[PDB]
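S.K.: Single-letter residue listing:
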Amino acid sequence: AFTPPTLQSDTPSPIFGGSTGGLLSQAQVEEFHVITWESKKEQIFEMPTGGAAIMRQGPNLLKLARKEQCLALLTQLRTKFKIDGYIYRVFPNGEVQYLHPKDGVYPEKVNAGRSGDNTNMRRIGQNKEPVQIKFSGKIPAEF
Amino acid sequence: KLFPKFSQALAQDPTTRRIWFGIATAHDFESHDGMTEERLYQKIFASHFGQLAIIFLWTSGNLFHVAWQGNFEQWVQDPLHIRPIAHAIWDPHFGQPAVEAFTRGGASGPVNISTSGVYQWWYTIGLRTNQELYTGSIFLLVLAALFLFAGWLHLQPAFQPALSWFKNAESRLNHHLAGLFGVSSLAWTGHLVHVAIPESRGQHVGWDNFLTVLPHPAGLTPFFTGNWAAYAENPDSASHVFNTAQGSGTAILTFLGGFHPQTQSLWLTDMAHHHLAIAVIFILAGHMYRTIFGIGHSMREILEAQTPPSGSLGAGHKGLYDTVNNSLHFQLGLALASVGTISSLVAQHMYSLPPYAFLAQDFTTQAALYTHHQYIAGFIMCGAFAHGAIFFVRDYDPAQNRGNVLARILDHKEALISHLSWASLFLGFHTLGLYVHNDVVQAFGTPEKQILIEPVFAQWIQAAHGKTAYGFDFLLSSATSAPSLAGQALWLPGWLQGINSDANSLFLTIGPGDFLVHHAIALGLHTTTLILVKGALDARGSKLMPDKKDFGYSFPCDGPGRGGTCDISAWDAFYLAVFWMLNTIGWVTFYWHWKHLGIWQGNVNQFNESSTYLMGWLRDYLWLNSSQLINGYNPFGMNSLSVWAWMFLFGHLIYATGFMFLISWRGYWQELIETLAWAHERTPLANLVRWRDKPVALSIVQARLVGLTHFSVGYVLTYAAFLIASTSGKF
Amino acid sequence: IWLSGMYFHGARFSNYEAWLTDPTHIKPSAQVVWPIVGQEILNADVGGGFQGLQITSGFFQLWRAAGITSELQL
Amino acid sequence: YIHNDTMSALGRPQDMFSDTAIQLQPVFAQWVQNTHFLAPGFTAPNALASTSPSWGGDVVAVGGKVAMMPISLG
Amino acid sequence: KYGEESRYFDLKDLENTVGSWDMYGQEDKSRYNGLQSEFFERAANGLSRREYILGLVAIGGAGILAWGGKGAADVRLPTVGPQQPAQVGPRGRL
Amino acid sequence: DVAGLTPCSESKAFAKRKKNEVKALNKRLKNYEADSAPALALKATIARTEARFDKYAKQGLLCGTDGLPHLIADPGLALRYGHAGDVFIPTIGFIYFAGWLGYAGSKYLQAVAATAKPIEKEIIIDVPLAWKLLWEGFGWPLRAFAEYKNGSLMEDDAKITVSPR
Amino acid sequence: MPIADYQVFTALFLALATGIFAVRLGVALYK
Amino acid sequence: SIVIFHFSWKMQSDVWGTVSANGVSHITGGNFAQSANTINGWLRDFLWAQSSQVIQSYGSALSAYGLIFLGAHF
Ligand code: CLA
Ligand code: CLA
Ligand code: CLA
Ligand code: CLA
Ligand code: CLA
Ligand SMILES: CC1=C(/C=C/C(C)=C\C=C\C(C)=C\C=C\C=C(C)\C=C\C=C(C)\C=C\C2=C(C)CCCC2(C)C)C(C)(C)CCC1
Ligand SMILES: CC1=C(C/C=C(\C)CCC[C@H](C)CCC[C@H](C)CCCC(C)C)C(=O)c2ccccc2C1=O
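Protein chains in written order, with the working numbering: chain U, 838 to 980; chain W, 3 to 733; chain S, 924 to 997; chain D, 7 to 80; chain X, 113 to 206; chain H, 83 to 247; chain C, 1080 to 1110; chain B, 2 to 75.
Same shape as in the complex, but just chain U:
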């Protein structure tokens, strides 16, 4: 079994001068994501919102408007720095949902113990014709 890591709120943030591409009004009333990673030295990386930031030694904490920004930062950390990280979904009511490394290992590597949903056992051309599903509220591929 695998347990998700807790979001340690009192985690230091990278050195940054302040951008205009950061959080907006969506964070207060819908959602804002957050990414946490461990860096082995003080070095400069690129923000998903524009500009350069310096992440510090040890834990680094960065909140972002969208999950795609968090994954862009994570993939640039993994490629240009060989640094893994954790992404969390933080609701404004207080509940925090763990996100990307959901079962510990990365999704491109098998784990034996995942849900194989949305996997049809037919070919592309074996879907139903749209006339046979007429007036149903579903596309032919989700039958």
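A few of these clues could be false.
Computed list of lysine-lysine pairs in PhoX-like fashion (alpha-carbon distance at most 20 Å, straight line) [unchecked claim]:
no.	chain 1	residue 1	chain 2	residue 2
1	W	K451	H	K241
2	H	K231	H	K214
3	W	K545	H	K241
4	U	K971	W	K169
Label pairs and their in silico Cβ distance ranges [to be verified]:
no.	chain 1	residue 1	chain 2	residue 2	range
5	W	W209	X	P194	37 to 43 Å
6	B	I5	U	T857	33 to 39 Å
7	S	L926	U	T857	48 to 54 Å
It should be emphasised that the hints constitute simulated quantities derived from the structure, not laboratory data.
All residues carry an ideal CB built from backbone N, CA and C; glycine is no exception.
Chain U is fixed; fit chains W, S, D, X, H, C and B with the ligands onto it per the hints.
M.R.: Frame of chain U, contents of chains W, S, D, X, H, C and B with the ligands only:
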């Protein structure tokens, strides 16, 4: 949040795309949530009632505005020297010179001069007074209210008809041909004979006295004894004057053909005879199919029997009855194709065979009517092909259409598309090459080096009609021939007088420029058909996207993978073909307008030696006839043509605003909107208010549609302004 | 190569010396065409007893400013 | 421009933006032209004439055609 | 926030970390003087309801139509003034 | 007179157009000296114009209302009235030459398709092979008809890709 | 002979009646 | 395009022209000041009035410009 109640998927969208797609998917009832086929067809039937009520209200409004603010009384007495008045103008933006410049046809204040031809039509059908027009408007108001009540009534479950009633094809065709087509035509014959024929001869016939006036002095007895020739005794003479009893007659069903010498229009007795024959034939046609009386046809079995042996058509028409009957999109495509072709026929016939009294003297009315019906026909034909593509996407079943002609034509669709491509490529190559060669030899000072291919085939068919101008002496152009001798006491004298006269539009004399522009029209039709047919046949799938039928009729793309998949849906093919339709109808109406501008000035030469090269088209037509248009307002003042100058620049603006959505695509705009959302979300004194719906860029399909709509609106407004200004300001 | 071509056309196929005598009335021209398909009509009556395309590039004014006043120097 | 179009088309030339109605004068540009025209003998003591005739002064005519004349802004 | 150093996230204080701030809004009871506040709340008393503030727009549209009825002509306006002869046209028309 | 058209040998407007062109060129002449290079160029242009008009009158072209030659694009209507050179003979000529070019390109495609690298042979053209096939394409109609009768010109539909309908 | 005031007013009232019919049909179609 | 349109109209209307020892006769005659504030003025007094030279250029030395005027539209 719950505005698109027909689509809960759209209602959950927290952006402006929710309302944008809620407006545009309102009439796609088949895609609505919880929609059965019974409720579908009942909604269709009630919306049909609403549309009929709308049409009847629109024509009642035309009648009321002509009766209330028009000059119908003054136009009846002097049809050739009175400008018809559409409606009065009440615009508080007018300055004093605008108020003077728009006071024209003897009215008290500013009015619009009608170009719709309602004056000529109403004068021809026997309407003489404003009281009659008001009575017609009131009657149409009442009947539109009745149709609205019927639309409400049939939505009530006690009066909702069954789905099988909607699909009862044999009965619906029987009643439409016999009653909707035949009985209506017979009643129009009754109106023409009872009212229009005496009102054409100065004898007033109304509801107060039509039961005491005799349409023919030998009443009904020649009809019932079979002596029907007594209804064609003395026709109206060549010296007859419309609306007067001078040299009139008693015959109600003449057959002379040609045109009335004074009105330059068809004989009304010819129309009554035509409508009576049409009524008889359509009632007979409506007695064809089987209903409940044990006689008639089962059209399914007729389709079953239409299978030639040796497998020439595969299974023939196996199961096409159910294919047409089950698919509303197949029926709509057939109906739109036929209605668009009929609209083209109406345009091609009313200019050359003017039906209404004192038509073809009003040059603006003829041109406006022709161009209107041509554009309507082109739009409706594009809709027919689009709905055929929808039927392939939605209602096409390969199992029940296995081996029949639909499956056959889908099997070798590559041959059809490739041969349409070859024909369009040939036409474009050759017509453009001839035009550019003519331009170059004109520029170099050598007009004698032009390639001027004589349209010998169309001239030969003109000679087969009796046009003795090319010296063929073929069929009707030789009096000794059997067709010429067969009807020489029938339609031949009037038709020959019309065909041999250069004062009308009955088959105009044609030359090499007509040949070149006809090949231009052929190229336009071929390429538009290529785009539409390719979109229909590739709607279910292609090599780039085999599973296109699962994605629906309209969708943006398939992403930048596989080299790029921009504009891959059948909706996008319709979208591309609308431009080609607009270009083709532009060529058609440019040809018509320039030819008739040469005719009406008496200078057929300007078109004859200026249409063979494109600089003549640009200079002697576009540049020359726009001089009075662009001087509608100027620093020296303004006149009545100012409204068409403003509409000219308006259409140019809308056309380029269309180009805005056409060229730029969704991505620059989304970033810009995000930046402006950042600006507003943290601008002081404006953070008090916030958007209920998140501002987003228009979707790819939506903005394609918006750019196409602006393109078409600017196209139509610009050409309507130019045509009406260049004809009304000159004649 | 482009500059050499412009100077060669000013030397050989131009009315530069004639234009120098009467710059007010003679239209500058530095390109002539071969009479092949009726295109010799493009050779304008620019003046100076010369026929050619009227140029709008201003090489004649530049050469006069530099003080050429000779065909051999171009 | 659209307001000017609408007022001309409505027969209201007094309501459009023009020199004869609602004026919109380039006062900064006109004053800059005046400063350039008055520059010689004042802020350009060694200049015998202005840099260009576009600022102001007499019309320069060569061979019966205007070489350069003052440009007025409205 | 708990931003005593570089910690800009806190689940126990999630209000400040998200970015919800007043920017310039400040709480203060003192602003408008006496009697005039009562004067203005009496001026806008029953009108505060949505139906009556709709009825104000209704009487505004009634004024819009009253301009057209009697008000456009009171400021002259060319659309209701008289006319001065007419023009014939290109050919013999009217 | 095949369609209400008059021959340009006897049509007055053809002579009027020729006279107008020659008069315009003479107006251009009346500005230079007699032996200048522009004078020789204008004299050559005049000679070309008169030769062209006389040739058009000689060849038997049809002129319409004014003096512009018109071409007939109907076999039979042009054959029995002697205007097959208007459209029919150039139709045969284009069909022959276009078939020559297309057959040469086709045979190059089928010759390089059965090589080691057909991809390289279409950007790097084997010039001797292209020259040989261009020469062989002059007998394109007989070769094409022979390959059509043999059945080797067209491909069976079962070996050609289509979309899944 | 142009139509009178009473004819225009009666026509406008009948148009109001058919507008009531129209909104009834529209409400029935929405349901 | 707008910049060069303004340039050509402004100097054909207020700069370029002929002198007659009593005034300056401009190419278009001072029409910029009363027509360049209106889009219909740009379309008519500049874009239609000055276009008559390129469309009636067939049969002359400017026939190449006339041909290119249509080819560029194409
Ligand atoms: C004899 C009986 C009869 C009659 C008179 C009608 C009549 C009509 N039906 Mg109906 N129907 C019938 C029986 C009948 N039906 C039966 C038995 C069934 C059950 C099987 C149905 C089922 C049915 C359905 C489901 C629907 C209709 C609809 C309609 C309307 C068609 C739309 C329209 O008005 O366009 C008018 C058509 C014409 C005028 C024909 C003109 C021909 C061409 C197009 C024009 C050329 C004419 C001429 C040149 C134009 C000149 C005029 C110009 C001067 C202005 C129409 C009034 C539709 C509707 O609108 O719903 C209310 C529809 O949805 N019917
Ligand atoms: C549907 C159109 C229509 C209508 C409503 C009328 C109505 C009328 N006509 Mg008329 N008529 C018509 C068409 C029509 N006609 C046509 C097409 C022609 C030939 C061009 C004539 C020629 C004509 C003449 C010469 C005369 C009339 C006369 C009359 C009036 C006396 C009634 C009558 O004729 O005696 C009664 C008729 C019958 C007993 C026979 C009718 C039975 C028929 C053969 C079968 C019914 C089937 C038919 C399709 C039903 C249609 C229903 C439709 C009304 C909805 C009457 C108001 C007479 C008159 O005095 O004028 C005031 C007169 O002299 N008509
Ligand atoms: C009898 C005629 C008829 C009928 C009943 C239908 C019915 C239908 N069509 Mg169709 N169509 C028609 C003709 C018709 N069409 C014609 C003539 C064309 C060619 C223009 C098309 C092209 C077409 C396309 C491409 C599509 C449909 C679709 C549909 C379906 C949904 C309609 C919709 O999208 O919601 C409502 C439609 C609208 C609200 C139209 C939008 C408004 C237009 C574009 C703007 C008009 C602006 C106006 C002119 C501005 C005035 C100018 C002035 C200010 C200067 C529906 C079943 C869609 C579909 O099947 O879904 C998959 C589809 O995508 N139609
Ligand atoms: C003539 C067609 C046309 C028009 C009107 C516009 C208009 C506009 N473009 Mg655009 N564009 C066009 C063609 C056009 N473009 C084409 C063909 C392309 C493809 C290359 C582009 C590509 C493009 C880009 C990439 C961008 C724009 C941008 C803009 C906006 C700039 C803001 C502005 O000008 O302020 C004012 C608005 C106007 C002058 C438009 C006319 C408004 C009139 C004059 C006044 C409004 C009164 C109104 C009519 C009254 C309401 C009546 C009521 C009944 C509705 C503007 C609305 C830029 C933008 O997003 O904003 C900065 C942007 O970046 N365009
Ligand atoms: C010699 C090669 C060749 C051959 C034999 C063909 C043959 C054909 N083409 Mg095709 N085509 C070619 C090259 C060729 N094409 C090229 C290079 C292009 C890209 C521009 C196209 C683009 C094209 C399109 C878009 C279409 C065709 C179509 C067709 C068919 C209709 C007849 C036609 O001439 O259409 C016209 C052909 C053209 C407009 C292209 C001609 C280009 C040149 C002249 C050919 C190449 C010459 C070649 C380099 C010579 C090599 C010599 C060799 C010794 C090395 C036909 C079977 C049509 C079709 O599908 O019909 C059903 C069609 O829609 N072609
Ligand atoms: C897409 C699609 C569709 C649609 C299609 C279309 C659109 C079609 C069309 C088309 C058309 C639009 C057509 C037209 C037509 C017509 C015709 C085809 C005709 C004919 C005939 C004849 C043969 C004639 C003859 C004659 C003449 C010539 C004249 C005089 C008289 C006579 C008789 C002699 C559908 C839905 C279906 C299906 C699906 C897909
Ligand atoms: C301008 C633009 C936008 C921006 C979208 C805008 C500016 C839409 C905002 C328009 C406002 C709402 C004014 C529209 C005025 C209309 C006349 C109102 C019509 C409303 C109907 C209900 C009648 C895109 O999103 C886009 C996407 C893809 C290709 C091209 C483009 C594009 O050109």
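S.K.: Hint check: W/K545 vs H/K241, CA-CA at most 20 Å. Holds or violated?
M.R.: The hint holds at about 16 Å.
S.K.: With 33 to 39 Å as the target window, see if B/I5 and U/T857 comply at their CB atoms.
M.R.: With a Cβ separation near 38 Å, B/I5 and U/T857 satisfy 33 to 39 Å, so the hint holds.
S.K.: Between H/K231 and H/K214, does the CA-CA distance stay at or below 20 Å?
M.R.: Answer violated: H/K231 to H/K214 is near 24 Å, above 20 Å.
S.K.: Is the straight-line distance between the alpha-carbon of U/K971 and that of W/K169 20 Å or less?
M.R.: holds, 17 Å
S.K.: Looking only at beta-carbon atoms, does the pair W/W209, X/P194 fall within the given range of 37 to 43 Å?
M.R.: Since the Cβ atoms of W/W209 and X/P194 sit about 40 Å apart, the hinted range of 37 to 43 Å holds.
S.K.: When you check the alpha-carbon spacing of W/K451 and H/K241, does it fall within 20 Å?
M.R.: violated, 49 Å
S.K.: Note whether the CB distance of S/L926 and U/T857 lies within 48 to 54 Å or breaks it.
M.R.: Distance hint for S/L926, U/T857 holds at roughly 50 Å.
Checked against the numbered hints above, the structure violates hints 1, 2; every other hint is satisfied.
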